[PDB]
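A single protein chain has been omitted; all remaining protein chains appear in their positions.
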Amino acid sequence: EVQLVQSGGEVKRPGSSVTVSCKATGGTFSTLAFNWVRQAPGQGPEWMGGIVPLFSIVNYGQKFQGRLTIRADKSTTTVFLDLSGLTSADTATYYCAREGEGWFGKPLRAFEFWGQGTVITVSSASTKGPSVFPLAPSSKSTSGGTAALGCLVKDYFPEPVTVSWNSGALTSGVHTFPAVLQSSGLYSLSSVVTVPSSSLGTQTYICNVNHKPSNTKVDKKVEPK
Amino acid sequence: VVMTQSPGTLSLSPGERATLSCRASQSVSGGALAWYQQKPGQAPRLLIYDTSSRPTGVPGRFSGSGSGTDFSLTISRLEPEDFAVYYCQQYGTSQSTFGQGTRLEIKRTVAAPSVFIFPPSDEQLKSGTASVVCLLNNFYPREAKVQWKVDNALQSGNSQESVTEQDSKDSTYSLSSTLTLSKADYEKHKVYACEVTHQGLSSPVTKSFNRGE
Partner (left out) sequence: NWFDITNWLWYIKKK
């Protein structure tokens, strides 16, 4: 197995510097080119730079020059990424990718092996748990049709939040939307579920919101109006 | 060198033939073009390197072609797991660049979104803010326009939208548009509506509620 194990996610303040590691195990290291490629939320990959660990021959993107530093440790087979002067435009997922080997290990230049990624959230906002508000099913629901209810997971930092329904018993018809970054610097998402209208008055629906960075576990009961 | 992929979104059927285009702003030296596939939440997977060569493990239905400034990826038979985002990357120079990507999704019948409007809750109202949530459940295609009307006043700049991924069972999308207001501005008005314009709708459908009814 040729595996690339990166460091954990991190929340950095604007202007600071971050270091991301990349442990390469089970393959050639020195004579093969590693690369750092980041990807913003909702956008595509963007190549940032690379290094050849043998003689530490680095190649930085013109956009990131003066602000990027890629290093290699041949003794421990690790590739690093130093990025200074962090801004909101640097909040992304950073992947470390090694090129591929072909006939007799011919360096194919293209990136074949990738790490699991490192999520970097460049924001000052203090770690906060979410306020869960019920999206009650409408009183004008179709008699004998379909109803919709849910919970609003508003104002929390940072990502992520795991949402379940009835402790995980209810899964069908559940839509947990991707979170959006509000102007206040906090995140917010909504998790809805569609149920038969004939069960609104008897069945009890409870949404379970769990936020690990704030150690917050909220159970909210949604009932009709 | 600026890579431009085409089209933006490719809607085809499972088992059909797929062709994605990649156009470079200048000539790519030595045929240094690669095609990567990426599923949501995963790192990209190298499908094609050096214009047409295929790494070990990639099935034979993927084939690359082209030269100079025009390149093309061809999936001869679209399988269920072949629908994802595809990125072409050049690397002939010292500065590699990717493309904006092509979204290869599943084509299906046009489905009208089920629209549900939700007023803010009292527990949220006592906190100082009010969120009115409009929900568009299960529709196709994913292009839909949501518009907020607070007493027939068009809102703009105070509502955020988010769309789920294409569902693995019915190939439909779900959209959520939240309108955030202060409690003062929320109580200065009464009628709150969210009107939706979609391809699977003959007329824009408006879901409204009067505050306190």
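Chains here go by letter, A and B, matching the order in which they are written, and residues are numbered from 1 within each.
In this section, contacts are C-beta pairs under 8 Å (C-beta built on N, C-alpha and C of every residue); 3 or more make two chains touch, one makes a residue touch a chain.
Only one residue from A:106, A:221 or A:225 touches the chain missing from this view: A:106. Within the whole complex, the absent chain has one touching residue among B:25, B:26, B:27 or B:93, and that is B:93. Touch with the hidden chain on the side of chain A covers residues 31-33, 50, 52, 54, 57, 59, 99, 104-107, 109. Listed for chain B, the residues touching the missing chain in the whole complex are 29, 32, 91-94, 96.
The working rule: only the chains that are shown with their structure count from here on.
For the pair chain A and chain B, the distance between mean C-alpha positions equals 17 Å. Every residue of chain A that touches chain B in the complex is listed here, in rising order: 35, 37, 44-47, 59, 61-62, 95, 97, 100, 102, 108-112, 114-117, 131, 133-136, 138, 146, 148, 150, 152, 154, 175-180, 182, 188-190, 192, 194. Note for the complex: chain B touches chain A at residues 32, 34, 36, 38, 43-46, 49-50, 53, 55, 85, 87, 89, 91, 94-101, 114, 116-118, 120-121, 123-124, 127, 131, 133, 135, 137, 160-164, 174, 176, 178, 180.
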